[PDB]
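The chain below stands alone and is given in structure tokens; this is the form deposited without its partner chain.
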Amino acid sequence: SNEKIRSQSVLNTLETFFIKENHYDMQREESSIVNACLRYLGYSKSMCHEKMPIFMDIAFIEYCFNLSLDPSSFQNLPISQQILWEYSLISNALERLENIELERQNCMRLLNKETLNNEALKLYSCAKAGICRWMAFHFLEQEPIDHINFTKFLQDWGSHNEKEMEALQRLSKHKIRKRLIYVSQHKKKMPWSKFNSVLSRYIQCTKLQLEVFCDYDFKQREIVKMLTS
């Protein structure tokens, strides 16, 4: 198929825009070419049942949660309208992240390999739990609560923690002031900058594993070179 060949070519062009050593972010002067590409693939009939290449899921996770290589805290100081916490968007994000983890696992089936695999697993569970949790927080901060989609969301994505989901459900039946109290409390306790860090490390980890133990190139050369010290 000529449209197929054209589409693959458009993917190759996106690699050169999306694959980062650090994390992808949208730059204004690339907005036109990146959007034209994403739209062509978006309406290309031949791509309708093709697999999403891992680098796009990754670049999407980076764009979507606005990942920086920033630490949780700045070192000698005390303690964000960028993430769109919308149910459908976040559900698709968790899908793409799940896909990232499955590609990673599948590749992982030299002295550092079990360690990197295990860190990835721990980081992935923690990141998924955090995303699911902040989506829940966003549901609970609305009045009235969209109970349908809230309930559905928790059921698709809260199986890692069924017992907390129940709790969330009961919390979802208290007056707005109770809900806001609880949510403010758990955000102050465990702020998003944590989960930014966890997601960032998950992703750079996964990039490294894929680059080293498989065919991928995620521009982790400098890190690979440090690891062959």
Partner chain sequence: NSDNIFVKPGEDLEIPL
The other form holds:
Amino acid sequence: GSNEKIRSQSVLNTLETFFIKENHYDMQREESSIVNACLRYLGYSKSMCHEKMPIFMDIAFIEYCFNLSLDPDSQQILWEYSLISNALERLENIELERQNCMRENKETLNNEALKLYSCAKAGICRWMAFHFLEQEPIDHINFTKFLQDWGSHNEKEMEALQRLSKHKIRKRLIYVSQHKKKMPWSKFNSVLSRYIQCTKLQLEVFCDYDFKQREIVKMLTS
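Next, give the form deposited with its partner chain bound, keeping in mind that what was shown is the form deposited without its partner chain.
Chain only, nothing else included.
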């Protein structure tokens, strides 16, 4: 029964030694085969099916998903609905996990992570909206389904998205192309990256996770 468990835990341990870096994770070519083999194993591991996703995994995914170790053509990220919904869910887990662990400068680190989270979340959603509008034909089925799950409910934006949804290609592209300049991806990459590292720091300082923030800590005592 638990020979599979002892195995899976060791695979999870191994990934942890590849996914926890001081700065953000990026999958390097020399790691990719073993990183793949580990994920696949855990993916089909019977004993992992109802195990809680550790927060290092969710972080590493977010770093990898939003290419956080760069500083962004906007187009290294796959803006597919199915993926980005799950990306937001995993991001949501990190924030809840952060909030929960925090109860057990701390005001600043908590408050910044809050502000940064909402800012990043909003940006992800706005850029998801941007991609949805560039479709021909538009996937209203998933687009409106997305707006229930992620993105708030203001008659203003609700109807404005609907109004623009019934316009055409070149005008739809123009609203997006203007608003992508008015709201650049570089802004959110910064935010999301700072959130992740702000989060990392709290959890090592206070909750005693190990996110390799030991060197960052000692430079704040000086």
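Residue numbers count along the first chain shown, from 1. Under this definition, the rigid core comprises the largest set of C-alpha atoms superposing within 1.5 Å between the forms.
J.: At a threshold of 2 angstroms on the CA positions, core aligned, which residue out of 51, 163, 28, 39 shifts between the two forms?
T.: C-alpha shift of at least 2 Å: 163.
J.: So with the rigid core superposed, the C-alpha of residue 215 shifts by how many Å between the two forms?
T.: Here residue 215 registers a C-alpha shift of 2.3 Å.
J.: Rigid core superposed: how many angstrom does the CA of residue 174 shift between the two forms?
T.: Its C-alpha moves by 1.1 Å once the cores are overlaid.
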